[PDB]
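So the chains spell out like this:
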Amino acid sequence: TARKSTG
Amino acid sequence: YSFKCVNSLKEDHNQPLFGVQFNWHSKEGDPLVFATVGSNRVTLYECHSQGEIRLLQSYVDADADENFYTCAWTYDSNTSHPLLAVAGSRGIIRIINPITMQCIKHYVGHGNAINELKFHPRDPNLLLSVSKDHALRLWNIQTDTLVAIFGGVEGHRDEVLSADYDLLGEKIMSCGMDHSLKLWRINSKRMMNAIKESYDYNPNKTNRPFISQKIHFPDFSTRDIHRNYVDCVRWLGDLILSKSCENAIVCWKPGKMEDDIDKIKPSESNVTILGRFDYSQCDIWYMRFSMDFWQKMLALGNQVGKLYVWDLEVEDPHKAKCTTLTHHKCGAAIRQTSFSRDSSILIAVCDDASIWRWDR
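If you're matching them up, the sequences are chains B and A in order. All letters in the first sequence, in the order written, are residues 6 to 12 by the deposited numbering. All letters in the second sequence, in the order written, are residues 80 to 439 by the deposited numbering.
Wrong hints could be hidden among the right ones.
Pairs of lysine-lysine, DSS-like flavour, derived with a Cα cap of 30 angstroms [what the hints assert, rightly or not]: (1) B:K9 <-> A:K408; (2) A:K106 <-> B:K9; (3) A:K211 <-> B:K9; (4) A:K398 <-> A:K342; (5) A:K293 <-> A:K344; (6) A:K83 <-> B:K9; (7) A:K342 <-> A:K268; (8) B:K9 <-> A:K400; (9) A:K293 <-> A:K275; (10) A:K89 <-> A:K408; (11) A:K385 <-> B:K9.
Note that these hints are calculated values from the structure, not bench results.
Extracted from the complex, chain A is given alone in its bound form:
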């Protein structure tokens, strides 16, 4: 996997762009579109030939003091139209119609900053938010219900910075400033039932409020992978990729080498390290890697505008093949990357509000 830099631009606000996401629910034949979030806005662009990045429209929050950190795409499960969720310092999740940029509805709960949003891989209505208040929450955006809060003293003890669902959306791994990675299974009887009841809730037809699950005990926890804030995590099948601000993505799994992930118990005290991908100059926290749709590759930018891309299409994780992408004018910290669904474009976004387009 090789790329060349075809364009770049800078947004007018000059504040960090903390998040970038292509819409992988784009319709066939339509051009590729991505969203950026930073300052108090989200902006959409369309990718065209000759490197063109065509500016469409933004949503700008009414509060000049909001600062959006994260966004995620889904679609309306009745109409198929794409939807974009965004959130950040105010702790309010907004669901935006990306065509008109109207905010269709919003959700409050965390009241406290939201550091990441992820939609479930099989159900477009299930949205996970992770917060500076130390909890994760799972919302159903079809019935507008809070399904569950994942927290308690056995939960995270400091800001949660990232989380990821596994392939089938059976379990979440979360991580944050307490240096720990925690697993929360959502295919328990209690959680599958809470999900089904969330779909059954319509406040116009009943008197009761919808009761959320309080999940106070993760199904596995470790602090033995990193020694500082853990700011991005992703499943790779039954293994985990996670990073801190220590210039390494560690590939690891709960338990011993031969332990099946669905047999791990909450008291498991071991982990197995399958590999580690080192890189340079990424000492600051809130720096996220992304993978392509197929999980064949992983990209991470660092604090001086260098991109690293690992090819994971190899027999074992430690055999990953790295290439790097540099441009003499890109020298600000890269906060997040995103691949188009077809893998032909990689976009990096930066602390000086610039956006960089690399074409395969």
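For reference, chain B alone in the conformation it holds in the complex:
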């Protein structure tokens, strides 16, 4: 499920 950030 896609992340908004690389972290």
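Please build the complex by placing chain A on the supplied structure of chain B, with the hints as guidance.
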């Protein structure tokens, strides 16, 4: 279209800059100005010679926990003065006087995060907001009315992430985390009348509240373009450019190759793919492309600070010519780009709060 990097800077908050917009309603002879949004603030800068990016003033929200995601420019339709709308996690739209940075007024409805704001291309008072609560709303910022909500179970079923009006502001395409792109026509009899009545509303002269339209059925819907969250969309005449987090902008249209967009019916089950512009390292969502004022070009940054620019001044969409712009010190994710109205400057803004200026 070729550019070189002339300056960069970083804002003091160190949080992502999620949005950047030049003011395309700048007055002749005045310098070019853009706004950035990130943390709980919006900041304006002026572009000067020798790459200078001159810091003017910010608006900082009273809530330390607000996080502005998006902004859009318009002007006051009586005085011509530019106005800047901004919104984000708190779900409150603020209308800011960019000269003094005062918040002139605000609007609540979504209560829930606002992911994008767009002003209508012919009427500077019509503002579209798209929300994490799954709906779009159309507001009239002259009479301070909510004209319409676009939602319902046949609307989006998860956060709306972007939307765009077509050239004449007759119809909106929206897209979001349900993987779908939906069309909402606003030139219906019902919607043109709702707009006219919004202009006729003055709460000092009547007893009634202003009634908003509940629009529960899009005029077209598809989930057959992308296979993940759809986070930016733009009309290109009667075609659509849209992207997900799958390293592609797809150029497509509703219906079959020869179908006129104003003859598409809500039950249309086909789409036509006219081209796709692939690129690399843009796997994260909320990464928006922008076009110049004339729609001759499109720019997108990726999650490692590379910019891609496509020249769309060619006979068919799949013939677009790509160039890339890199700088050894720009390595954070680029969340949005913006071109000046004259196309001479491109600004990219990043997750580490940096801003990059490229001059044509």
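We went through each hint and held it up to the structure:
Distance check on the hinted pair: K9 (chain B) and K408 (chain A) sit about 23 angstroms apart at the alpha-carbon level, within 30 angstroms; holds. Taking the CA atoms of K106 (chain A) and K9 (chain B), the gap is about 37 angstroms. The hint is violated against a cut of 30 angstroms. Of the pairs offered as hints, the one joining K211 (chain A) and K9 (chain B) holds, with about 14 angstroms between alpha carbons and a cut-off of 30 angstroms not exceeded. With a CA separation close to 27 angstroms, the supplied pair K398 (chain A) and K342 (chain A) stays within the 30 angstroms bound.
A distance of roughly 20 angstroms separates the Cα atoms of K293 (chain A) and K344 (chain A); the hinted pair therefore holds under the 30 angstroms criterion. Under the criterion of a C-alpha separation no larger than 30 angstroms, the hint pairing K83 (chain A) with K9 (chain B) is consistent with the structure, at around 29 angstroms. Note on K342 (chain A) and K268 (chain A): the hinted pairing holds, with a Cα-Cα distance of about 16 angstroms set against a maximum of 30 angstroms. Under the criterion of a C-alpha separation no larger than 30 angstroms, the hint pairing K9 (chain B) with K400 (chain A) is consistent with the structure, at around 29 angstroms.
Note on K293 (chain A) and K275 (chain A): the hinted pairing holds, with a Cα-Cα distance of about 16 angstroms set against a maximum of 30 angstroms. Restraint check for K89 (chain A) and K408 (chain A): satisfied, since their Cα atoms lie roughly 12 angstroms apart, inside the 30 angstroms limit. Annotation: proposed proximity of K385 (chain A) to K9 (chain B) holds, straight-line Cα distance about 18 angstroms (limit 30 angstroms).
Consistency with the previously given hints fails for number 2 only.
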